[PDB]
Amino acid sequence: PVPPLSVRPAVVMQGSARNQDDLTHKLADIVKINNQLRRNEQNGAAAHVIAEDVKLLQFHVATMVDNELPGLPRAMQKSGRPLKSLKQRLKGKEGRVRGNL
Amino acid sequence: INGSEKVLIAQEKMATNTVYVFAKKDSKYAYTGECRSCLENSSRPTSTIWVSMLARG
Amino acid sequence: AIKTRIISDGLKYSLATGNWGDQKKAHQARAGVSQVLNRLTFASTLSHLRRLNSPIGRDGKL
Amino acid sequence: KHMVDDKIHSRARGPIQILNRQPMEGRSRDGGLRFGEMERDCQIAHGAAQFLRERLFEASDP
Amino acid sequence: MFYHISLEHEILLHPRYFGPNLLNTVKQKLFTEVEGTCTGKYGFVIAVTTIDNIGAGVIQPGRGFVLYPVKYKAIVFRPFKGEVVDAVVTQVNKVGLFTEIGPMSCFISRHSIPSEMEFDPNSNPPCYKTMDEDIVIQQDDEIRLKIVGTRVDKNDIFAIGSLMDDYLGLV
Amino acid sequence: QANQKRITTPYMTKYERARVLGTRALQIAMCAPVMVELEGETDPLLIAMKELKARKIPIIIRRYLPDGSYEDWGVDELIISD
DNA sequence: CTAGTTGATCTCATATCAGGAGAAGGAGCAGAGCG
DNA sequence: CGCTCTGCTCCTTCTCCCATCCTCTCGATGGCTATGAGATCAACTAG
RNA sequence: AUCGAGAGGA
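Chains as they are written, first to last, in the deposited numbering: chain A, 254 to 354; chain B, 187 to 243; chain C, 434 to 495; chain D, 1052 to 1113; chain E, 1 to 171; chain F, 46 to 127.
By construction, these hints were calculated from the structure, which means they are not laboratory data. There's no promise every hint is true.
Claimed, not checked - Capping the alpha-carbon separation at 35 Å, the derived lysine-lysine pairs in DSBU-like fashion look like this: (1) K494(C) <-> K211(B); (2) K337(A) <-> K199(B); (3) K29(E) <-> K73(E); (4) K199(B) <-> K214(B); (5) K308(A) <-> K457(C); (6) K346(A) <-> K210(B); (7) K445(C) <-> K192(B); (8) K50(F) <-> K71(E); (9) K346(A) <-> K211(B); (10) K331(A) <-> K457(C); (11) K285(A) <-> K308(A); (12) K346(A) <-> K457(C); (13) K27(E) <-> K41(E); (14) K199(B) <-> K210(B); (15) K73(E) <-> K41(E); (16) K285(A) <-> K340(A); (17) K1052(D) <-> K445(C); (18) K436(C) <-> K285(A).
Use the sequences and the hints to build the structure in full.
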């Protein structure tokens, strides 16, 4: 399930550059690898290539809903800051439940 | 830097090349002697070496 | 071959932000170095210039 | 430096945040004051259910 | 079909109407609300018969209103597929024939009507007549039909009827 | 539940007083008839407190019991302390 | 009604260190039945 | 007489949490692949 | 405007 635009608003900066949410960047990665896997299964690809693509898709979905997986690398973004997954949006203090409800 | 006056704060750190024997209450070792070793003209991080004693029992 | 932006932008970024380390490793880097000089009164400036820091971590309750 | 004129602040139906349609944060943003968890607990102890609903539903993000 | 059913509703009331007469105001507000109304599930309500019960009026917190749940006996009209009803003809046209069944007006296309009943725009009253010209279906006539389809638009029901089935003709 | 035997307290709780006064004050503010006489009062809260002192607030308190039943008390049936 | 022209819209190509505390799993193993 | 089934202990991960509210500065953040042809369709622009 | 960091106040 890809959430609506309210959950991931594209805030406009001082100019016209529309900055997208962390969720939107992550969904972009997910759709990229999903389409890539879809074509690699549809057209010529090795079994290990499809396996690597499935592994990367798993990593993207997991880091979309939960970024602090022990051992795994954190889903990165521009400026070297990790993305804020759905879990950090409501994990504890300053999350939805404690910080907004 | 960019018109902004920036001041470097001195940062504390344990001295290097010195042997320090501590004793952690909650650990498998009774005593541990550590030495954060670093060559005179730094080229790598501090390589810490520990020489510990296993706790009795 | 010498792209001088490495040294220049690195030192400039590190002193500008305080994140002491490479700009890519912005989370392994240790912040709080290189603060904005306090210019509210002459004593504040002198003290900020004579300031020491124990990086034990404020979270620590020992 | 702490003069009252730089601290006094008030709000009555000002701007709201984009993500959650709640009052902004800060004097500079014309934001609202946080009715936090401890305030919720205090008003629960008071037994003021309509005031609690006003603060946590009707004065924040209906 | 005429029927007599008990139905439930809840209506809010402003504090101005509390007054020395209150039950009467809820009664008349219910009447002015659901008199002549229409719903696709219970069909059209011809009228409200008698108000059975007036539940306890609960003050909504934060709002001055009070909601009263009312139970009332009202008579509905629901057309059905396969039901046969007598209707009154109202308009004859080359596109079809329009007859009124109470509040609803149903249209019958020439395709559903048997082919015997011709068009006759040349006649002074637009009328349907056969080869022998024995049966005469014109405006204001009383004719039996079978209701085949129902359709609700803007909460208002409009039916469709057929004259093909045997014994369905002029009264 | 048998209205002949209501087990809850015959006193109005502080919370019942608070909510009844607020509710009746809102009703007065929304142009509801007043049950008591008025000298010059124009604040709905003052009128509601006067009605409570006079025992003339037309509200019923439905007190729910943990088992799920309830008891209906008229504001005039309860003992007003404060 | 009938073509003819003109935009939109979509599809398809070719590139390679000064935490802690608790819960759950697991493993080594002592021992008890027991076929 | 060796196998199974425990269930105890010791260690290991592993995961969760770390007062509240308020003010201010200051740095970083910006995302762009191309091009062309076939075909459908829906709207004008004449007839 | 957002995010982070830092400096502060009680």
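Hint check results:
no.: 1; hint: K494(C) <-> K211(B); in the structure: 18 Å, holds
no.: 2; hint: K337(A) <-> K199(B); in the structure: 33 Å, holds
no.: 3; hint: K29(E) <-> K73(E); in the structure: 15 Å, holds
no.: 4; hint: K199(B) <-> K214(B); in the structure: 26 Å, holds
no.: 5; hint: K308(A) <-> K457(C); in the structure: 25 Å, holds
no.: 6; hint: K346(A) <-> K210(B); in the structure: 33 Å, holds
no.: 7; hint: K445(C) <-> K192(B); in the structure: 11 Å, holds
no.: 8; hint: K50(F) <-> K71(E); in the structure: 29 Å, holds
no.: 9; hint: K346(A) <-> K211(B); in the structure: 33 Å, holds
no.: 10; hint: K331(A) <-> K457(C); in the structure: 9 Å, holds
no.: 11; hint: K285(A) <-> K308(A); in the structure: 14 Å, holds
no.: 12; hint: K346(A) <-> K457(C); in the structure: 28 Å, holds
no.: 13; hint: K27(E) <-> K41(E); in the structure: 23 Å, holds
no.: 14; hint: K199(B) <-> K210(B); in the structure: 20 Å, holds
no.: 15; hint: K73(E) <-> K41(E); in the structure: 16 Å, holds
no.: 16; hint: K285(A) <-> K340(A); in the structure: 22 Å, holds
no.: 17; hint: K1052(D) <-> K445(C); in the structure: 31 Å, holds
no.: 18; hint: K436(C) <-> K285(A); in the structure: 33 Å, holds
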